[PDB]
Amino acid sequence: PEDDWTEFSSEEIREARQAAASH
Amino acid sequence: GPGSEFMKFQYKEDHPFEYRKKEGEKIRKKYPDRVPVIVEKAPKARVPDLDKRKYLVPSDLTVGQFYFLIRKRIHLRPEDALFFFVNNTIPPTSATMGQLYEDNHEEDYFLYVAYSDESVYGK
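If you're matching them up, the sequences are chains B and A in order.
When we follow PDB author numbering, the leftmost residue of the first sequence carries the number 1985, and every step to the right adds one.
When we follow PDB author numbering, the leftmost residue of the second sequence carries the number -5, and every step to the right adds one.
No lab work stands behind these hints: they were computed from the structure.
Mixed in with the good hints, there may be bad ones.
Claimed, not checked - Label pairs and their calculated CB-CB ranges:
{"#": "1", "chain 1": "B", "residue 1": "2001", "chain 2": "A", "residue 2": "13", "range": "32 to 42 Å"}
{"#": "2", "chain 1": "B", "residue 1": "2006", "chain 2": "A", "residue 2": "-2", "range": "27 to 37 Å"}
{"#": "3", "chain 1": "B", "residue 1": "1987", "chain 2": "A", "residue 2": "112", "range": "27 to 37 Å"}
{"#": "4", "chain 1": "A", "residue 1": "86", "chain 2": "B", "residue 2": "1985", "range": "25 to 35 Å"}
{"#": "5", "chain 1": "A", "residue 1": "98", "chain 2": "B", "residue 2": "1999", "range": "24 to 34 Å"}
Stated by the list, open to error - Derived coverage of chain A by chain B (criterion: at least 3 residues anywhere in the stretch with Cβ under 8 Å from a Cβ of chain B; other residues may be distant):
{"#": "6", "region": "37 to 50"}
{"#": "7", "region": "54 to 68"}
Said to hold, decoys possible - Computed far set for chain A versus chain B, every beta-carbon distance over 10 Å:
{"#": "8", "residue": "-1"}
{"#": "9", "residue": "0"}
{"#": "10", "residue": "10"}
{"#": "11", "residue": "109"}
{"#": "12", "residue": "116"}
For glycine and all other residues, C-beta sits at the position ideal for the given N, C-alpha and C.
Next up, chain B with everything else stripped away, as it sits in the complex:
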């Protein structure tokens, strides 16, 4: 597990866009 990439899931991205939406 030396140095893997982490990508967010689509649902995680959706939650983020909802909790920190543009003004």
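Fit chain A to the given chain B structure using the hints.
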């Protein structure tokens, strides 16, 4: 060692510049709509370390959205402070990660983000 405001990433101390640049250049040519980001605690921060420190994030994710995701992973208290630093300044939360990357990536093609409980990187 270095001054407290010189940004130090254990990632760079653990991987030679050649290895980082080969990886960063390849990932950018492959995935042009994603940006590679290293996230680490600032040396003097009294904050938990991150399990995962290497991210491939969509370029249209905002800095504030990425902050939400990173903060969620650290499992902070509702009253806790957390600040991001890119090239020693707090990045604007309304910017996209793609723009932040375009302006701030290093010669190894990584964007480096540090976090702290203090609003100044070296404090």
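* Indices of hints not satisfied (ascending) -> none
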